[PDB]
Structure formats: C-alpha cells, structure tokens
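Let's start with one chain on its own, the form deposited in one PDB entry, as structure tokens.
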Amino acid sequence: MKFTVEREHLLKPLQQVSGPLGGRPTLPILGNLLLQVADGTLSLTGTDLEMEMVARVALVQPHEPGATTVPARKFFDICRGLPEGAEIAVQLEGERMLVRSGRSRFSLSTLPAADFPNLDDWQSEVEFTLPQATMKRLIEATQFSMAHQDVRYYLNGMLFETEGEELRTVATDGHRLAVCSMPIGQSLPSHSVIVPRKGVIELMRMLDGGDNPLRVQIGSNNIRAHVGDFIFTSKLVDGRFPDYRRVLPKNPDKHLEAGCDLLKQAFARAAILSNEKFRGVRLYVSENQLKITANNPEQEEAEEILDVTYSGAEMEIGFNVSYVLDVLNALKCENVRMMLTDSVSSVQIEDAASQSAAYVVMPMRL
C-alpha cells in the first residue's frame, strides 16, 4: 500500500474519523484507523465497535493498493504538525507504516487490516435527504436533555422520528425533555429509532456544510448518514422511547412571557447562592411579576424581581436552576413563553415566536 496526498486533504478526514475513538480504549486496535487504498481512493475508518466513521479521499497522485491500521492520534498529530501545503507520502512495510514529507520521516507500528472490527452488514428501510443545517438544528435543540448513564438505556440517546414531511428529535432524562420538529419536504413513512448518545454527538460534529445536503438511511438496527465524503454509521438503541405528547402540560391555566436574556441573567445570578448540589430556586408568579429566590446551607439568599407578562393565579414553584438555564441557553431568541398548571407538574417552555421546539421541565418540591 502506498499513497501521497497533500496535508490539507488529509487533515479533516483524519480528525473526523478519529471521532469515535475514546483516546484511551481497552483495545489497541480500536485506537487505530483502518487505511485502505483501492481504485484511486484512500479510505480511512475509525470505530469504537458501536459506530464507525468513514472518510474517502480521492488520490490524484500515483498510488498502490493495500490496507493496514495505524495509531490514529499519532498519525493525525504528525500530519497536523507538518507545514502548510506539505506533501505526505505513505508507504506500508509490514509491521510498520512509513511516512515522509520533505526531510521529516516517521515509522508507525501497524496492526493487520484483517484485525480491524467492522459493523455487520444491514439493509436500509427508509431514507431521506436534508440540509446539514436542518439536522444540526434538530440535534443542538435537544441533545442537552439526553440522559447520560441511566439504567433506562433508551434514554441514553435521542429519538429520531419521521412523520408526514417532518423529522423530529426527542431527548429526555426523566427530569426534563426537549423536542424539536422540522419539515423536510419529502413524504416520509412513520418511523422512530433511538440513536446512541455518543452517536448523536459524533453526528452533530460532522455537520459543518451548512446548505450542503445530508443523506440519511435508517435500518432496523442501524442509522447511516452520508455527509460529503464522510459516512457515519451507528447501531441503534433498543427499547420503547417515551411519548413526549404525554408530558406536555394539559389545559395550562398559567402563562408567563418575558425577555429571554433578562430571564436568563436573573436565574444565572440567583443560581450563585443556590445549593451547590441540588441547585434549587423558587419562582413566585403574580400579576405581571416574577420573583426568583435562592438560598443555600450557609443561609445566604438571592432575590430577583422581573417585570413579565403573567396571567393566572399566584403560585410558587421550585426548579433545578441548571435545567432552566439549559433551556434558556438552548433558545437563542428574544422572548420566552412558559405554560404551567400546578406546583408539582410539568412546565412547558418555548421561544414565544416559534413552536418548532418545546421543552418540558419537572419542578422540584421546595
């Protein structure tokens, strides 16, 4: 195997395929990238057994077919450490892969290309295309609400649901939920799959082409995304993902609307004197007025008063301020709307000027 490619054509591919690598896995081969040269193309693959990232790099300079695997981090660092415009020649020599650029020479230890773990073959059942910006919005709007290491595995990811001409994402950790729906102009069959948490992040990270098209293929147990010259594939998470419609407040009798920035900064300051681990803050709503209070074990207190548009009975309701701030930070808008019922029930929050995304946060008993 042999090839010579410009540094600038190898940097992004190497960075992207190294994505699924933990950087310190308990398996040497998983710390390597599979390099394959065939028919004028250099293919680079990185994997963590659950998902894989493949990059294809056209080879315009002479090359020879073959394959091997080399340490991902070292190879990337070497390529990025070379000068701008550098030509990188690579030549496989058994248990070592040589790299040369100018008078910079390197020898990396290899592992058989046959030893590289590849996901099993599968069949696509549904596929659609959309702007990378759209997929990116869908993920960024809800990813922060995914669970991390919940025993309820299906929560450690994001639901991707197609319905009508819309693609929707839902994420929740049992305490809060985020849902976003966007139309894509293609009649789609009703379907839903759960993408693993790590897979969601890797997908979000490969989106940078703005209006450049993204191709999605969903199988019974896998999802695949074609982004330019990158192909991301991940296994799916089994389980029944909850129905967001069931947590949305019913017949909200209390409604609040206020500037997003002022609301966010008030919660931010109040948070300073909230319990460091429980982060509880109290909200008191009355005619056109919101009062936010916080106190910690040292008996310190914070109080913020804001002019707001509020209709409904006066009420006190508690919240984990971090959950509230997460929502306000995810909303990049002028005004926010909140719909409530009672002190221990769901509260829905959204951009007062858009219904494309909605957030539900469960209060705390304070």
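Positions refer to the first chain, counted from 1. If you superpose the two forms and keep the largest set of C-alpha atoms that fall within 1.5 Å, you have the rigid core. Compared with the form deposited in another entry:
Just a single entry of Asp243, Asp121, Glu84, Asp211 exceeds or equals a 2 Å CA shift between the two forms, which is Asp211 (rigid core superposed). Superposed on the core, the two forms differ at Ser311: its CA moves 2 Å or more between the two forms.
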Second form
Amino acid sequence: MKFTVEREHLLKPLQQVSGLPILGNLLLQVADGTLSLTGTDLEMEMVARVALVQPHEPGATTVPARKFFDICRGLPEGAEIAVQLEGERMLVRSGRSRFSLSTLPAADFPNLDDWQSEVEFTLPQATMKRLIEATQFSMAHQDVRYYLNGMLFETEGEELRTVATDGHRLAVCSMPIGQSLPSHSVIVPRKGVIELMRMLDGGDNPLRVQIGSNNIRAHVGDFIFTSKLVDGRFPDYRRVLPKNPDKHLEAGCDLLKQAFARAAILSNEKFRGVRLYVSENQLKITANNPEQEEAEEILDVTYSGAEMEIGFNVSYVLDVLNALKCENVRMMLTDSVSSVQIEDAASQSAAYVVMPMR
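Right, the form deposited in one PDB entry is done; let's see the coordinates for the form deposited in another entry.
No partner chains or extra molecules come along with it, only the chain itself.
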C-alpha cells in the first residue's frame, strides 16, 4: 500500500474519522484510485473517501488514529505526505520529517452488520443543523430510560422532526424537506447525534439519509456516517405540548434571559427554583435560597390574560432562551400546575415545553 497526498486533502478526513486496541486505529485502504479512511467504536462508523491523483499502490492496514492525525496536523501548510506500508510498520514521510507507526492487520478491523435501507431522503445541510441544534440540549444525560439519552428523528408527511426530552423538559423541531415521506421514527444515540452534527461543515453539499430497521446512514460530500439506532418507546411530544395554552406572553428574548440569569444567582443551588408572577403587561421574577437571600426582576411584557403565578427550574428556562436565537419569545401558559410552552414569537418551527415546579 502506497500513496502520496497533499496535507490539505488528508486533514479534514482524518479529523472526521478520528472523532480493544484496534478501535483506536483507523483502517486505511487504497483501492481503485481512492484512499478510504474508516474509524469505528462498534456502535457507529465514519468513512471518508479521498481521490488519489498521484501514483499509488493498493492495499490496506490500520494505524493509531490520534498519532496519525497529530503527525499530519503537525506538518507545515502545503506539505505533501507520502505513506507506505513496510513490513509491519507504516512509514510516513514529508519533507525531511519521517515517522514509523505501528499497525494492526486490516483483516482484524471490525465491520458493522450488513443491513438494508428502508427509508431514504435528501435535505440541506442547514436543515439538519437547524433540527439538531434546536433540540440537542434537551436530551437526557445518563437516564436509566436509555432511549431518552438519544434523539428521536421522525418523518411525517413531508417533514423531518427531531424530539429530545429528559422527562422534565422537551424540545421539538419540524422542518419541511419537500419529499413525500413515510410515517416513521427512529432514535439516534447521543454520540451519533454529536457525529451527525460534526459532519456538516456548513458548505452547500446536500445530506442523503438512509434509515434501516436498526441503522441510520448519512452521506455528505465524500463522507459516510453510519450509526446503530436505539430500541425503546420514545414519548409522544403531542401529549407533552399543552392542549390549550391560551394565556400568551410576549417578551424580548435577551431581556427575558438576562433577567432570569440574574434571578438565578439567588436560587437554590440544587433545585434552582424561581417564581413567575404574570399580570397585565408585566412579569415579575423572584428567587430565594436557604440563606434567605432574594432576587426580584420586573420586566414589561405583552400580556392581556388572567393573572397567575408559576414556579420553574430556572436552568431549564435559560436553556430554552439560549437555544432561541431570536428577538422575541412567546410563552404560552395554562395554569400554575401545568407545563409552559415557549417558542420564537416569529416562528412555529420549534417548540419547547418546561414542566412547572410545585
């Protein structure tokens, strides 16, 4: 196996794939004028393809991923990197820099089980970015209900939808993708969600998604990501959204956020409770702690419904307001013992639900 490639063509692929010792190695394969680089943890897999325009020789090996990446990144801009398998070592040469890396046999590198695509669609990179960033923060962390640790991806009509929840708060975002889709839902594990996000880059390359019974695959440019799915029964966001949250409050997003952030300073460090007093065109936020310290914030808002008070975990509210990258927020209320729905006043595409505190 031999190839000579420009540093600039290796770097991004190496970074993407680099994200039982052999799991710490990358599989390198030179075949039909292409270098393929594969990384795996048995749960998911990233494969990058790089065209070889310079003379090359076929073959495959595996090499320590972090070391190979660090060597390549460490070389100067515009470096050419010549690679050849010699004996049980992989030689890396650029300029007068030389490196000899250990290898493990390509035959030992694990594969994911073969599977069939049942559901397929294409969508803009920007749409996937939007779907993930709108909801990611609401996924559970290390919950015994394993399926909450991931993210629901649901197709319905022509929309792709993400849902994330930890039982206390929920985020949902739906985006049109302009294709007739089957009604289908799968749960992507949190590490898979992280990877799907990482592969976007923000150019114009579209994303191609294939969904099987136990796998998801995403194709973008010369990269293929495959993950196992998570089994289990994800809650139904329609049951979490308040049935008729007809008390509507509108306020400046950053004004509201900074008021909550200040009140938070004097909330209970563990329980993080704050109280909201809603009245005609006014919101009052209060907080107190076991040390008897108190915060009070008063803001002007647009509100014409009945007066009510409601308690919330301020961290959950802040998370939502930080995820809303917008000018004005709408809060949609029911009563003191029911959830609040929060949205961008200018867009219905994402919705957030926070359960109250007694």
